[PDB]
Amino acid sequence: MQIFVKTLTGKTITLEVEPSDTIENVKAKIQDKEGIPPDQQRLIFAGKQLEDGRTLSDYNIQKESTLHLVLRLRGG
Amino acid sequence: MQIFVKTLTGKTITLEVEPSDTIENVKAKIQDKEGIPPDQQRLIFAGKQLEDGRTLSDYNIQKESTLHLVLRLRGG
Amino acid sequence: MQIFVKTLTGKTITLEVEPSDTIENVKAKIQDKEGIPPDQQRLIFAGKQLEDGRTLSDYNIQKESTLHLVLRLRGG
Amino acid sequence: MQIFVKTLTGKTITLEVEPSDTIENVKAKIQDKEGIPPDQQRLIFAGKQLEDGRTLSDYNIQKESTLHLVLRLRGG
Amino acid sequence: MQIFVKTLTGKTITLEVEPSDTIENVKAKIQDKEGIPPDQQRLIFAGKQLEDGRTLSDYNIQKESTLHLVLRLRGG
Amino acid sequence: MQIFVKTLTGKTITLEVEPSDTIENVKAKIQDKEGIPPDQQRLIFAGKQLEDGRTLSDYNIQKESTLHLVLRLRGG
Amino acid sequence: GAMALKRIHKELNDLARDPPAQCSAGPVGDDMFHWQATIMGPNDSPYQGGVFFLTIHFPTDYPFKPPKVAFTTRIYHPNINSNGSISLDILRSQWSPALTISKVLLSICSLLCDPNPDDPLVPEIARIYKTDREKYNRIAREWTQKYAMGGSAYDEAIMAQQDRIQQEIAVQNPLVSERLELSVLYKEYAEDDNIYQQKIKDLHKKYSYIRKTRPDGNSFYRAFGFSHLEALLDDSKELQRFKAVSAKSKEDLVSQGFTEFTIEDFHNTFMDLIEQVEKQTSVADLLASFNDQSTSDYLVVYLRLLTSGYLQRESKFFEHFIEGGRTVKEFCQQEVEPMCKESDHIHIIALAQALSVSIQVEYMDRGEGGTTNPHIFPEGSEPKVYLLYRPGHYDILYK
Amino acid sequence: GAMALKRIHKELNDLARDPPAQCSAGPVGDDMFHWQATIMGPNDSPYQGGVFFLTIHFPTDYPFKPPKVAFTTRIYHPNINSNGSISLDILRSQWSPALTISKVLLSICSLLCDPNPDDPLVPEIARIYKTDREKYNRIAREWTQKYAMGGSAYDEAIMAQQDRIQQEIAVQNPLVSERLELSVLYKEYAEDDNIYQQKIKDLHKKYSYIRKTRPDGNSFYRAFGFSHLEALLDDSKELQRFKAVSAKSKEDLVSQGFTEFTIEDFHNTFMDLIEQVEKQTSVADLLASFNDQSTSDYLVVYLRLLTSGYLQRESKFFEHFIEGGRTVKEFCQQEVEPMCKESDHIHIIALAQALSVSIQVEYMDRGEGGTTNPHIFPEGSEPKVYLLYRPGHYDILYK
Amino acid sequence: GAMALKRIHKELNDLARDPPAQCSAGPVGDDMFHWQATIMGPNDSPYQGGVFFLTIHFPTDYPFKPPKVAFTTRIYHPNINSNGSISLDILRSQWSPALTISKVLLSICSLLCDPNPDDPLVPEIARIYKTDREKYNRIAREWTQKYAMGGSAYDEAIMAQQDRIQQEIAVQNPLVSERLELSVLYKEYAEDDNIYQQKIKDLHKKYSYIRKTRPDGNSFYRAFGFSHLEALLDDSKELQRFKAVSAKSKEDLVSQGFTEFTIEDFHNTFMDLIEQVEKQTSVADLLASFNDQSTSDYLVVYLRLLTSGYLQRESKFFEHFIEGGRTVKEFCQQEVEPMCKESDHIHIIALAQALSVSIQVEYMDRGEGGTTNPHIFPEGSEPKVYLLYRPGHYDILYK
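Chains as they are written, first to last, in PDB author numbering: chain G, 1 to 76; chain D, 1 to 76; chain F, 1 to 76; chain I, 1 to 76; chain H, 1 to 76; chain E, 1 to 76; chain A, -1 to 150, 1025 to 1271; chain C, -1 to 150, 1025 to 1271; chain B, -1 to 150, 1025 to 1271.
What the hints contain is simulated information worked out from the structure, not anything from laboratory work.
Think of the CB as a built atom: it goes at the ideal place given N, C-alpha and C, for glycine as much as any other residue.
Heads up, a few of these hints could be off.
As the list claims (entries may be wrong) - Facing chain I, according to a computed beta carbon distance under 10 Å, are these residues of chain C, among others: (1) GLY39; (2) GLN1033; (3) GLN1034; (4) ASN1045; (5) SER1049; (6) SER1055; (7) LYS1059; (8) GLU1060; (9) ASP1088; (10) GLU1110; (11) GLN1112.
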């Protein structure tokens, strides 16, 4: 219902999402705040890379879980 | 009006269909002939991955040729 | 017209004086009541160290309050 | 009567002072030459830090003694 | 008759000279191509420094021998 | 009309000549009196090396003074 | 001298136990007395988003003297001169032998949020701070967005992120854990996830045990390695047949274009790991060898190179299977050869065919029934090695 | 080869025996082949007053090749390019295996006093030198007063000053000298100082012996340590009672906010020093332990931390005693925790109350009589430990 | 990782076996994880002729992470930011554990010949590349001819040249070869050189053997050393008389102004080499000692210093013999003291008189007859030591 995504800057951002939501949806909700395009976003929950088209209930991210946002800034 | 599918297990499986069908029912037909479910299935017609909602003649998918099938195995 | 003095040995010593006296004769009064000589004495009224030549009402030193006394122990 | 203060630059400077002089007075006489403010001066005689309000006869600096001038340049 | 001088840049340069030629002449023929003044040239055949006024038949450089050109770029 | 020559072997050898002679025949005269051949000989009159083609009064070589003789020993 | 280097390790351990996300440091390779620290601009400050490197040099006698610390990145601050040195005086006058570097750089991170205009290194920046603020902020923002924010630099920070992650991921998880009954899985999941508990009931159906691997991005290769290596602890004919293919694979790859001297390293780790199979070691001895960081990782590297090798070999088999517009080799260099890059179906089939072996992969995600789908690769070959796919992660199962 | 590193030490010994005041160098920490040298601008040159650092790298084979030396500080000279390299050709063409680094940098210091306009690295600076001198001088002066003269940098030099001082102060004085009769003091002072000789006559009155400490700025803590530690060589009940408070003090400080791992080091030196009291060692064995540089200094560090601890603990007792406008903790970080910072009355009372012990301090300065004033802290407690205060310095006295 | 430093050596061996002429690297002194690479601008590119240095730092864990590589030299390229970092992504995204540094910098050398305008680090240089080429080329050419082409830097390259040469010169030739009959010389020369074969016939006349020295520029000193040292293997009175002069020579030189500690090194190598003469060693044992690189070179250094010493001593004897306008000491520092600098007549006479010994030098060049001219120095002293001068090279002859 509510989760914690911890970014590159050490700052944490909290978000409101159902466990039935996409990852795509989550990246979109993050883009709603920071404006970081879901393109340049990639998410990691407990050592697991996160797939754009899966759910949260898929990866066992529960309420009050902390996942990381690594930017893949389009390189070179 | 039918096409073929190739799986890298070494096998070539072939199914019957119409040019107007979506991707979903196709995956389902493969789920009948083989038995790997659509939530596991990812198919690519010569370099581009196909979306569930879109149809066969939508992706234009001439009925001779072969699309290649790969399970969704992403992990790490 | 008199004030108090506090030494960090744990002791509070009190002396009689006038608001117009210099610092020197004051130190001397402490040298009578206790017996540590003025050439050893350094006194501070709430954060600022007092100079020999200057008077009591010169440093304004209301006669209620307390100035704190420390020997000149600098060494190394 | 005459002493030697050795600075940071390796250069020595000689000065004319009575053993009854202050340290403050000495720093002032040094400021008379180099212009280094007594503020930013601090003096060391034979491992002993020197106190602005003491004498030379105090610290046993005799005629022809060598003490050092370390600048405390107000920091940061 | 024909020899190989290997320079600083790893590049090799081939030259046409009789065994009776000077070293001065060789440095001149090199200056004919690269424009490197015979001044700033110095030549080394098989660990031997080469003298401006000697011959090739002197130093036993035969047809198809490889000597090096070290530039002494006038220094400092 | 003759001059002297000094060799660093410790020896001073002297020869007869005219002010108008070249360097070559001079070296040859030394080759007669001592027996080290001109192709080995290098002579310097007070700091400057003499060239074969040039004459004695050409290099001006007053006939009193001494030129110094060194073999061509360059090697390494 | 000795006590110095002895101490720097203690401080590195202190900084190790607690990662300070924004402010963190470390040594440069060989050198203990040369350190380098990445510092992210704190949010709600003009410096945010930019990355500021700084170099550290320790005195020959630590900690009786303060470490010299300076920004290698240009920055606009009243207390940092454009020449790079910092005005913080715990590095000069007020230094104590009781202070860790942690104190220092966490005081610097504090110097960024709140500047110190009264004790300026550069009087002009101090003056601008105390008078016109908008100027100060804007200036600091372009000084960020040219010098700090520019390009490359970011990578190091984003690399640090990774390091900060899979180290703590490695604090919870070991490389290869013990052999535990799979009844533990019930505890991992929720009470609102019934569907998963049904998948897991149906898992207790087939397999009696599980062994878990660290989610480092190598999950598949690590699992494959341990499972198949302990699988040859029994079949001797297969152990020999395997060993031979391994030995062939080296020059097979070198003749496929891989530089030999570099891949020899990894080869020998593979072969020694086989060697403690060959001479039979109790499974726990092998596990101990596998929980060795370098031995394990060296193995994983080789397995990746082997998938790459078979992929290059078969390029026509594959190339039209490749998702996107890459080649087979482009896909190798991007998705297979490098470490900690995710493994997919193609990877597993490639490695399986490469070593000519069978594997079974148990897929469980959201599938409506209690159905956990087995996958035997390549088809029909009766697998003696069993793995579990949870989404994004691989582990191993035991019948 | 090994002869290289073998040789660099010989050269470092040569540079060691004779300090070259303005021009001096040394290695960076661990690394022998990486050196760094500070060079002061010679007086009567535009560079005077500025400090010029330069880095040195030795060849893998010394001394068959010249060391690479370059200014890390920007400077205006015809023979030094703004890119930092130097034009002196004993580093290039004319190098000999018979030359020390001493020769090199003393030749550089010579390159600064007298430039070399005929063999320019930068032709324009050479041109300015040979034509318009005032321009050259002024330019070199601002290039000094921005790049060289700026801020920080100076610190290293001013730190070097300190090092140059209390090392030679350590050449005359040992840490803790022997136990000598105080009749020696007569010899230290003059014949025109009668007043002092009277103080000293009056000192022979009370005490039969003296033991002197090195004036390193730690005079008080060093003296306190040795005196009180040999004082417990007798009283066993006090030795035990002391030991217990010591052990308590560690976590007392950690629970007061000090980082544990860093202060543990110093703690164990304290406790081992107590341990050679506990098991009774003849006083000279303890002294030998005290004249050990690290053992002693580690102790002194702890004593400073202990005064700091009691000060923080009592903060209201103190804060209005503090000379100036600082806090108690500000005063700790500034005047107490750091090494070689002077000790005052507050310091002594703080430490004394901290360890709950009595001390007597004999003050002698200019006081008119033959009076040398005893001070018992805290009051009335009959002291078994006696110290002497001469102005600026502490030593210990024996009844 | 110890595996890291273990691996860096393997890579250094790979780079060692094949020199990559334009693109080559190596460690800095002590440090294995700090490397530095010189890169020449490839011809047919605007960068040609300029030299580009770049520094390399290896990760603490190699090779699981790419090495950080950056140009320390400013350069104009779309893929290299003016801040020095490179845009090549095998150093970032695409890195593999199977890649040598060789691959990296040979890919960089490839990045210079062919730029990469589509993935720019600096968009403006990319833009200029894709549109106006002449601009790009010219710009890159001045960025070459200021930053890269300037002065100084070149030396390292030109030094490398030397190193590349006399190492391979050392691959063919040893320091001091065996004792071989001089009939081998016939084979060295041509059939069109009859004149030389006549000189050599006339050499077989006088001497039955030859021993050859490596043409390292020290040819004379090396030959002199071995010949005279084996010559004292017989005459005991001369061995003692020699030893004494040797011992005197040290302080003779120190009192002549040479620093003692530096020349002591070389002195002891001289004296130990004498010591295996004194106690008689079979000639081959001495040769084995002479084919030791350091022992030999240390000797050669001392011999050079000794010629220098006698030259300084005699300065008036010489100064007007000096070719050119130098002094005696200027000539010493330039032509005698430094290693690998050629030796001439003055050198031989100087050393001969210095040690007070006789030598015979056989000169053969183009002289019309079969005449090979003997030279006894100083004159008349019957020489027990014989050398051969071919032009540019010295060897030793045996009667």
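Interface hint status, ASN1045/C versus chain I (Cβ within 10 Å): It holds, given that the least Cβ distance between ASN1045/C and chain I is near 7 Å, below 10 Å.
Restraint satisfaction for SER1049/C [CB to CB of chain I, less than 10 Å]: Cβ of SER1049/C sits 14 Å from chain I, so the hint is violated.
Restraint satisfaction for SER1055/C [CB to CB of chain I, less than 10 Å]: Violated - the Cβ of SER1055/C stays beyond 10 Å from chain I, reaching only about 17 Å at its closest.
Hint status (Cβ of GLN1034/C to nearest Cβ of chain I, threshold 10 Å): Since the shortest Cβ distance to chain I is 7 Å, the answer is holds.
Proposed interface contact between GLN1033/C and chain I, which counts if any beta carbon pair is under 10 Å: holds (5 Å)
Proposed interface contact between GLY39/C and chain I, which counts if any beta carbon pair is under 10 Å: holds (9 Å)
Hint check, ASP1088/C versus chain I [nearest Cβ-Cβ separation less than 10 Å]: holds (6 Å)
When the least beta-carbon distance from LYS1059/C to chain I is tested against 10 Å, hint result: With Cβ-Cβ at 12 Å, over 10 Å, it is violated.
Agreement of hint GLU1110/C with chain I interface, Cβ distance less than 10 Å: violated (32 Å)
Interface hint for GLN1112/C, Cβ within 10 Å of any Cβ on chain I: violated (36 Å)
Hint status (Cβ of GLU1060/C to nearest Cβ of chain I, threshold 10 Å): OK, holds: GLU1060/C within 10 Å of chain I, min 7 Å.
Of the hints listed earlier, those the structure fails to meet are numbers 5, 6, 7, 10, 11, in rising order.
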